[PDB]
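What follows is a single chain, given as structure tokens, in the form solved without the ligand.
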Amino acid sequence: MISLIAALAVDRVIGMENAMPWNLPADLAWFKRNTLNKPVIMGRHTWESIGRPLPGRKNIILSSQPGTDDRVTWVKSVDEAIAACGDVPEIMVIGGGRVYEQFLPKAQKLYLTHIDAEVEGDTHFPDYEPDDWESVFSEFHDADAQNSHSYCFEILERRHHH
């Protein structure tokens, strides 16, 4: 099964973790917990922004060009990315914008962090029809000395497809 995992500011703005305007170690812990021991698929912009393979996960980079780093697995299409994951229970797509857009139709689960921040970025999470999904978990957390903004984790499971 394919899942997307994303952190969304107001207006469903996303960007690279290393440059986003919030500081949420709690969200990074959520991301790690929900991706550990699963393959992660990302585009090249996200890969370059991380710069080092995420530990304890197979890192698959979706790029139309030949790879530039032997520490990760380079693939040229959505289908090839999925094939490279082999037989695993759950494949995690970690962005960015265009990669989420291409994988959303193949996804059956979303892990979202709804962050109470308004920001300047121009990359967005894909449009999804909320009527097609069921919320099976949600937890709000206020900001604290370690986390700059309040945020709400959510897991959604797909019920319909258009």
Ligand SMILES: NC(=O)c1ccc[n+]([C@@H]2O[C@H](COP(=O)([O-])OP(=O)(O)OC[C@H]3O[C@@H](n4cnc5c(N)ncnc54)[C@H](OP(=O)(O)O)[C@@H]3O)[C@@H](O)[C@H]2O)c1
Contents of the next structure:
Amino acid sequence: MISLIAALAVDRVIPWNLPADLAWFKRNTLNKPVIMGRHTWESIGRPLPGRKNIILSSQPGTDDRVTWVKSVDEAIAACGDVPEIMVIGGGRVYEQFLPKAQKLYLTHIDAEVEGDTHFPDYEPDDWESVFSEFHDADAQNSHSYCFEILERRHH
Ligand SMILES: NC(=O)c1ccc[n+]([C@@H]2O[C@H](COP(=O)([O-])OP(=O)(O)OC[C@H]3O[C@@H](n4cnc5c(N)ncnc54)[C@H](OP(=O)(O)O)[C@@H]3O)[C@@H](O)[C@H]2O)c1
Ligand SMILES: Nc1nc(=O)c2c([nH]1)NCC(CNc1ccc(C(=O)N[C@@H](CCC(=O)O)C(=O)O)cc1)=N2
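The form solved in complex with the ligand is what I need now, so please give it after the form solved without the ligand.
Entire complex below, previous chain first.
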């Protein structure tokens, strides 16, 4: 199955220091393939350890430490037969994979940020919330945040 995982500021914009959210990201992606667009790959700056890193780009790859693919269908195929594929962004990539996804792992962060790019719109009635957990800010985490998992119920 295909899952998307994202951190969402106010208004679902995709500034804080949230080690707890990065731990959540790692726990939910470790030992799974991760699919990302080239801009997200460049931003991360190094492969995510313990995961197969699959990078979408229209152009030939430029780093032998990760696997490069040129289309959504190739990216999925390159994951093989695994129980769960994690799509880690960015916007362009989330838009393409959302219709194919069965799960969303979202962190709703209580912060407004400088950006006009939003997590894709999706029908609220297509999804069921199956987990949520709110945390206030503390000495290590600059803002309050809420983890959520949603499972798809309809197309
Ligand atoms: N969207 C906005 O409103 C906005 C506003 C300001 C700045 N930005 C900038 O946009 C960038 C992030 O955009 P993002 O989050 O959407 O990027 P992303 O998903 O991380 O990466 C997009 C890149 O992934 C590749 N890709 C995606 N789908 C593909 C497909 N089906 N086949 C082949 N390649 C595919 C392309 O790489 P190739 O280019 O190598 O083909 C594409 O340019 C940042 O640099 C940010 O500063 C965006
Ligand atoms: N919940 C969530 N939070 C994010 O920050 C996030 C997300 N989802 N989905 C995609 C994404 C894209 N950017 C990034 C940037 C850095 C790491 C990263 O460094 N992860 C480490 C965490 C451990 C650490 O660095 O202290 C990892 O091994 O996963 C991951 C994704 N970021």
